[PDB]
Amino acid sequence: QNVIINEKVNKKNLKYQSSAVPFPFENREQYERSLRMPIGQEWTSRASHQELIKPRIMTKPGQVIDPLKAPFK
Amino acid sequence: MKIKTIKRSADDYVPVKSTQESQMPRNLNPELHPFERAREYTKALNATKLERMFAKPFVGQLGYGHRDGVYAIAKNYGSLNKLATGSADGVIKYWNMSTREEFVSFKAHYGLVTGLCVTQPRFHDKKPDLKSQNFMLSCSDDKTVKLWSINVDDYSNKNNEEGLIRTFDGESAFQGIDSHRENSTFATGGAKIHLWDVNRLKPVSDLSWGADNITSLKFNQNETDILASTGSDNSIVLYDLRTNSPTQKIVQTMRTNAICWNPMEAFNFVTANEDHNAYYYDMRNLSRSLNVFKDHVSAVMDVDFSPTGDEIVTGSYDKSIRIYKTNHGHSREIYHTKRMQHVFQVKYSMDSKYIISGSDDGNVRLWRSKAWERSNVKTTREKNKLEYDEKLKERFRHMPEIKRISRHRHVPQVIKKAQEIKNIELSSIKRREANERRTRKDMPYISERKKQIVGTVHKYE
Amino acid sequence: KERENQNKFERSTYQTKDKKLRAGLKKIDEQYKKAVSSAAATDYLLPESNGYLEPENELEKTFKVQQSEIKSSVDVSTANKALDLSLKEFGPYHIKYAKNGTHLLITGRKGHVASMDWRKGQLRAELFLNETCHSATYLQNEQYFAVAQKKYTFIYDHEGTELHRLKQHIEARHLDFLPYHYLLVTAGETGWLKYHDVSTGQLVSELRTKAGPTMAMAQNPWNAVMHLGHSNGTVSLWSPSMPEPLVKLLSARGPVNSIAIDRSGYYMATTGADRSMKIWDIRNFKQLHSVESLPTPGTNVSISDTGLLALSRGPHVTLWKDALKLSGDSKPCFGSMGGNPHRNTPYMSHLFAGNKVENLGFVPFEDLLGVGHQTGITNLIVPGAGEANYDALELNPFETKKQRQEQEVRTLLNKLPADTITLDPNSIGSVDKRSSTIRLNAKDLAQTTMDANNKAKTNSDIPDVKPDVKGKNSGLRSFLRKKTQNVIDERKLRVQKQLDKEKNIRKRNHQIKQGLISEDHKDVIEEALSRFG
Amino acid sequence: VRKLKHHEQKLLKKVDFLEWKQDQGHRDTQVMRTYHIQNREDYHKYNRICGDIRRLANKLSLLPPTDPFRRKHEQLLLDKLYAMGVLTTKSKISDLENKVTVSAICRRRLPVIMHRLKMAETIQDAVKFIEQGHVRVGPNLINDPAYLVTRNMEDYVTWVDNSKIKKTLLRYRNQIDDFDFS
Amino acid sequence: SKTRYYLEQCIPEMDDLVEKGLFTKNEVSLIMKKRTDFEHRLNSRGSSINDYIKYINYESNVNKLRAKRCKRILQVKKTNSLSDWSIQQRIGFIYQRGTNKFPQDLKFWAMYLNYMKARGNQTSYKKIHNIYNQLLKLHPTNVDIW
RNA sequence: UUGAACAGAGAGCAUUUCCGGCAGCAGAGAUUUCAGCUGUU
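Protein chains in written order, with the deposited numbering: chain UN, 827 to 899; chain JP, 1 to 159, 168 to 469; chain UG, 13 to 26, 36 to 554; chain CI, 2 to 183; chain UF, 2 to 147.
Derived DSS-like pairs (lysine-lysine); straight-line CA-CA distance at most 30 Å:
(1) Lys11(CI) with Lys393(JP)
(2) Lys20(UG) with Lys3(UF)
(3) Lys886(UN) with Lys399(JP)
(4) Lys49(JP) with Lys22(CI)
(5) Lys3(UF) with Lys423(UG)
(6) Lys55(UG) with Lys21(UF)
(7) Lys7(JP) with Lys55(UF)
(8) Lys131(JP) with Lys226(JP)
(9) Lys17(JP) with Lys108(UF)
(10) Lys837(UN) with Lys399(JP)
(11) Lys333(JP) with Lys40(UG)
(12) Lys22(CI) with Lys838(UN)
(13) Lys55(UG) with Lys393(JP)
(14) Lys895(UN) with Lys126(JP)
(15) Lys47(UG) with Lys391(JP)
(16) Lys126(JP) with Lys226(JP)
(17) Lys503(UG) with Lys518(UG)
(18) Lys11(CI) with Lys346(JP)
(19) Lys15(CI) with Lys393(JP)
(20) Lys393(JP) with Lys6(CI)
(21) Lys391(JP) with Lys401(JP)
(22) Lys880(UN) with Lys48(UG)
(23) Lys43(JP) with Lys841(UN)
(24) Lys11(CI) with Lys424(JP)
With beta-carbon atoms standing in for the labels, derived distance ranges:
(25) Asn101(UG) with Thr142(UF): 58 to 64 Å
(26) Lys3(UF) with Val835(UN): 46 to 52 Å
(27) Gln105(UF) with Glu90(UG): 54 to 60 Å
These are calculated hints, taken from the structure and not from any lab test. Positions of the beta carbon are idealized from the N, C-alpha and C atoms, including for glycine.
Modelling step: build the complete structure from the supplied sequences, incorporating the hints.
Here you go:
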């Protein structure tokens, strides 16, 4: 009537969009649930920004690393 | 009538002193930060392009290197600067890695050396200084195992005896050597597994599951009384030396060239195996390989776990060194140069970043575990930038452009062609097995984590 | 941890027996909601307040006050930004403020172009071009600014050094800029839209509007899309990737006169020379509400960043408050019958004496709107225009030169490519539309290949047989007629045979309906000679 | 805008805010500077005339060689250009294709002719003189500074009588003859 | 940056404070305006002990105000809520950063030591030990501090 | 490798102690605050 939407597919956006749901997820609903929150400093507070940017493995840099010892005591 | 527009204070924003830094106000509002997804995407692309910019892992070599070609390397578990290279001509060398130079060079035997270990001998006689001299155990080919002393200039509390603390003889040519580090018991591998202690010149005990030559062995770094030893009839054998009983055996499909444990889990281990592959086993159920690392072209030669329990380094008989994560099962990094041929040993340094690599040429080249993390200590803002970029990349992993860029690497030419040949083979094999599953009634799905096991000696329910 | 700002802060979106995935989801939910609440806590740190004009009587209105009383009543800084030029020599003037709110660009209709700081009264550049200059804008800073001309579009330096004659923007009429793609968008009197990248200096694309001369142009910032108003009565949203229009809209009769869009990307105001105005909901595309009888065609309207509406219809200028709300009371209206409070009075009015508003624009981060008319420039004081509390990582209205060059290099390194402009700003993140909703695996793909290689036996392709539905709309017959007559295929042999089968079963059901031989009549001769077939 | 450092340069190779691919060397500007002309439209219209001449020469090439149509027409065009002033040597029809430049037409312009005949001193000064109205072409003067002139009026360009210019000239030679009030 | 982090940590006590009846929103935002000016002038370069003292004096004043305000407005002399020792250990943390950025001025050192002696209910005997250790290792040639 | 005490650091862990809410007593700093005493919640 007085609204007309285009249906054609933007191929360059089809490059920029994903392949499928990738392996470590199960559902594209989960995939968007992960890609929901931007992580940038210009979108959350600084405290949560560090809290989201603190990586899993961390070392002190210049010290000898030791295999873990059992604390049975 | 109340009229009040915006008032601005110049002394609220642009401050007074001519040195005091300019103030920054914020407002976190999605109506005032428009292109969130596209901005983070382009930031991720800039991140991975900068990683390809700084992709320079190779960092140098060792002195002048040996004269024949490195066949064994041992890292000092006590320090960080110290390693020992056993050549193939017959000279052992102790290396300082702070300035990349030789401490000392000994003509140890006349034939080859087979294996090294660096350690702390707990004599019942007296305790040698663990800050003044470090002690090597070198296993030869001509029926010899010798314990050696090295003067190390780590400290300067002080300011003799330059070599050959003691010798040990046998009948056969030993192949492997290592040390149960509590009270300095050490296992040697020749014809049969012989367990020796230091002061007695004789083997304290002997074990063997069968009558096969045994080529490599290793104690686990934690739960430190368990021995794992391979066997030239494509076998893995476990021993519990607190019992002095050979614990378990499995027969594979190809000879397992090397083995090591992960010091962060202490009951798993990696086996570098001749069919071009690496295997990840648990200590309880040997029936399933917990994983298979599957990105080489020829005989693998050696592996080692990471002190961080996450990285596995492997060196092929092909002119290449691969590095894998524990998870993914396809090699993240690959190093190589035209100046090295047939790497035979690769080891980690005890601070989870630097890789010692002894190839057949005689040099010993060391590498960075990350192509990006410059070793230099960095300021806070830069540290935050690098970490923010890394988590952003790890998030935006599976977009196709980032996938192509980060996965795109350089390999040498013969190896690229040989990978594509093996790929063509695997595609044909897929077609054949698919037709077989069409035709026959019921062939059970034999998974790739178990397509390489022929059998255990002890079984389960 | 419930607050009042979560409604605005929350980013909108669309269970297993796998323990690692369960822990991952609970982890991400916990930290996401902590982060959103923390930003709602950052709410307190905003320095200032909004500007407001409140009556406090019922005898007094809002609009009855004027610039005289307001300039007398508010501070010396605002009364000093209350600019008032007088340029009587050259023709009517058009205005664009830079994005930082710190550099005014004025263009007369005859040749005058001036670029000034306007605040401490420095004068960067002045040029007396003779040819009719039509429109102008700063593009990225206060260092590069583009004017149109009669025919070819020019890029000038900060000083007035001529830098570019962009050939392929013929007869350009309305400029604008996309600051996050370095994109100069020109709408011509050719019906062509031209997107040009100023970074590499390359035309990214053209677009062909089959309407006619482009009447008016405006950009939606929160989507970075171009809105054109043509002559037919259409307003059309475009993006520089595809050569078809993204969407069209029949918003006015006669020609469109002006378009404007709120920063929140959720409200559009259009005005049309059939003395009409429309207030549009952009997303979902429902024209919300419509004023039908203005006593002049509206020249130019524009949105505030706080929710004011500015309407310019000749020698008048009016401003309305809270207009873009959805409820059926916020209809903008010139008068309230008997003090009817549900109707929406004008919020601030003004006339000019003998001019005609050529156009108008808000200042970004003060609260004034600037009017360009036939001989002078004026900057009316308005209480609630701009958000007082800006943000200093994108637009720093107080900008030292070192900070300028740093922000500029950073944005060059942080540009978007021109192809990521669509109707929805999370699609660049989300999955493909065509691919599966649930993640399938090697086993699933082997299974579907086996199913598609079993489909030749189990007839999976052609729709199956039901004698129940009428033969006109019968799916087999519609499939058969959708296929042509000249080539005959094995699938067509199959569909012919099953349509014969549907005819047989439906005729048996017709016999059992009309009342022929029924109740399990079994044809045992067919039974007895099915032995050989 | 920064002399931006190593890594950011190798990321931002292709950016340039000053010279683009499409403004080919700023050729128009450089010629405009060398001959002191006044409008971008003057340059581009001279471009169009040059372009049409070259399409003519191209189709004349595409004709077969030994047609008297081709020979007579190309020779007639060479007469037209050699009398016009744009191209110098009448014989190389290659130089019809390859020597025809907006530089050549713009040097056939008026003020360059003044600097040719050493009337004025430099070209900008010649433009000042023609704007101020001291120089006449034959019997009438010129005020539009962008006059084209062929050879047969190059013969008649001169300064106007009873100008202070001609007064200064004949005064220095000590030959002002104020019966003509020159 | 660091200013942002310190204000972020400063929020929740103010949140609890206006959540209880004793403060209102405009008072809150004005207080945070003063706080931003202080902390930003503390974390830029060019600051000094006079800036530190002015900040600590301001916070002591707001503690007195909150005392009298709560006392009047709900007759509860000490509410079981975060705010109180939050303000106090904010003061102590300001003292700490003050000595670390300037270990030189004995006057400021002395104000810190006198505040810690005065609030002897909630001090750590060990913390006064830590301060004396710091002071003696930095100045050992101060027999008066001995 | 163990057994005891000695000297503690204060850089770990649990309060299952009691206190950080009051009427009366006096000591102390330059009006106001740090600890104890009695009963109270």
